[PDB]
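Colleague: We have chain A already, so just place chain B with the ligands on it with the hints.
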Amino acid sequence: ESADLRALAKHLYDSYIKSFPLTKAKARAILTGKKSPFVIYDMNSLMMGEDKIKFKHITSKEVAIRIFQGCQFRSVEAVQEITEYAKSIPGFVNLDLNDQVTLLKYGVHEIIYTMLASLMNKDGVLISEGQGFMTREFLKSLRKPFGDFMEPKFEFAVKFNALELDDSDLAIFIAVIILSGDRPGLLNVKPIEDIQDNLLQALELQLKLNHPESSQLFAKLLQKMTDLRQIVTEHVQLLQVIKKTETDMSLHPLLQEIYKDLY
Amino acid sequence: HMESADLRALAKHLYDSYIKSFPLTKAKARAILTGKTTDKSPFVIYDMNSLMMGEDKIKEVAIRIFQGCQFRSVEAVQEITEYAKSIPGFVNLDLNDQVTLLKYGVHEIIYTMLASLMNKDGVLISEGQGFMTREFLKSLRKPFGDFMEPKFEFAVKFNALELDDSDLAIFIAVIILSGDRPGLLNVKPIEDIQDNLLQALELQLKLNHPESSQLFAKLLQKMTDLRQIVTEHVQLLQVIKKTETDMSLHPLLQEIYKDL
Ligand SMILES: O=C(O)c1ccc(-c2nn(C(=O)c3c(Cl)cccc3C(F)(F)F)c3ccc(Cl)cc23)c(OCC2CCOCC2)c1
Ligand SMILES: O=C(O)c1ccc(-c2nn(C(=O)c3c(Cl)cccc3C(F)(F)F)c3ccc(Cl)cc23)c(OCC2CCOCC2)c1
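As they're listed, the protein sequences go chains A and B.
Just so we're aligned, residue 45 is where the first sequence starts under this note's numbering, counting upward by one.
Just so we're aligned, residue 804 is where the second sequence starts under this note's numbering, counting upward by one.
Hints are not guaranteed to be accurate.
In silico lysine-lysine, PhoX-like type, Cα no more than 20 Å apart, as pairs [unchecked claim]: (1) B:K1021 to A:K234; (2) B:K991 to A:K264; (3) B:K831 to B:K923; (4) A:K264 to A:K203.
Don't read these hints as lab results, they were simulated from the structure.
Next comes chain A alone, as it looks inside the complex:
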């Protein structure tokens, strides 16, 4: 069944390439300088970059709020990209429909953090499919709670990126996250865990073949699900403080509805 695991790994890689706009491979070529992105490093260059490149989401007039809501808007797009990718995981569309919704509902946050790291290095983050690069220092220096809402994402990404996974690795890793049998309210846990057992076998063989000199990389990656659960839990607490504190966060009620599951 070694061949079946390789076929499963290739199936997921192919679908991961079609589902997501900017791959890690393309993102790293930009970040290392190997088509030069527009750089946002302070207030003036943000103004010029939105007026020349037109990063979509500009509809509150305060910069720190507007960037915060830009993160929320792009996360909404990623949820749909993740949902389409999930449909391509063998067995997923055969699950009970409520369980498919539950798995996506409780998984998207962990997957967004994971895939955000592909776009980050220690100095900043690629935006608009890599047309722009917004610096870490600019994000971290935004006022009041917003600066400290940004920085934990880089702190995780820098640690996660030290594993040096590529797209073929991440495609299986993301699928493993989705097929988590311990999500609250699942109705039929067994077929979810059966599929996850398949994905874990495929991820294990993938990492051994793709990183034969990286001892226990499989274990180290699974240990990163501890970082993922903990930071998603921190994330929820930070959002709640911003909601109860900030009276300048009003969008059209329709927009608020679109965003309901990330605010």
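Modeller: Chain B with the ligands alone, transformed into the frame defined by chain A:
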């Protein structure tokens, strides 16, 4: 990286030292819990009166039971510390990192090993001479009842894996040698030891549970559940402190909780 023979040799070393370090093994706890023996039968505490009868056979009740947990947890810290010293490479580490590893690891290990003493109906106490029912613990007043029950909810899930002591000896050792603890000075020598321990755990689980697919991964996934439940525990215990002055913690636990 390592040998089949060295990995097996390391598993036997850790199992042997685990038996020497911890008084009440899972194997003994299971024999007591399943019964069918006359000589090892526990006295069962399920209400106020049987607790009273239990003091003559083996100051407010919820406080008294909480202090029972705290006392055994301090003893467990001592036992865990002795076991850790036996893990090859551990005492050779920087001494500050040794403190750091134990500081952040004991709580996760206490939860793990507490599960060995539990089934869905209660927990063995006083070296297996007693059994205190889950329903009795959960019905303790004010915050204490809901402080007891989460330990049972984890244990029922963890016990479904059917680990035995020889498995747990390596699992506990992997937890201790976690290179991502806050404030570690030399992460590299810790990670080198853990990789060895992880190779040892992988082979142990493959040989001892050959029909249990991806038990290795499922067990590492439980190290994640442990991280979250320890955080809730610390968080709830702090709230309980601000209400209850009828209890201080033992200075060993007190220091471990300083900065969580
Ligand atoms: O292109 C992408 O794949 C992409 C993915 C994530 C973010 C992003 N999400 N995010 C959250 O807080 C988050 C996370 Cl991690 C998880 C769930 C929900 C949320 C949220 F609360 F947002 F709803 C961030 C915090 C800081 C930073 Cl630097 C980035 C993110 C992303 O930011 C795009 C913008 C970056 C700033 O300038 C404009 C574009 C792109
Ligand atoms: O024999 C053992 O190895 C043993 C180990 C742990 C407990 C125990 N610790 N504990 C905590 O809250 C805890 C933990 Cl997990 C970790 C660190 C600190 C603490 C604490 F906050 F206490 F300081 C519990 C909560 C509920 C339950 Cl049912 C058990 C525990 C233990 O209970 C001994 C019994 C004494 C007589 O009444 C029933 C319990 C035995």
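Colleague: Does each hint fit the structure? Answer for all of them.
Modeller: Now the hints, each set against the structure:
{"no.": "1", "hint": "B:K1021 to A:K234", "result": "holds, 14 Å"}
{"no.": "2", "hint": "B:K991 to A:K264", "result": "holds, 13 Å"}
{"no.": "3", "hint": "B:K831 to B:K923", "result": "holds, 17 Å"}
{"no.": "4", "hint": "A:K264 to A:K203", "result": "holds, 11 Å"}
Violated hints: none; the structure is consistent with every hint.
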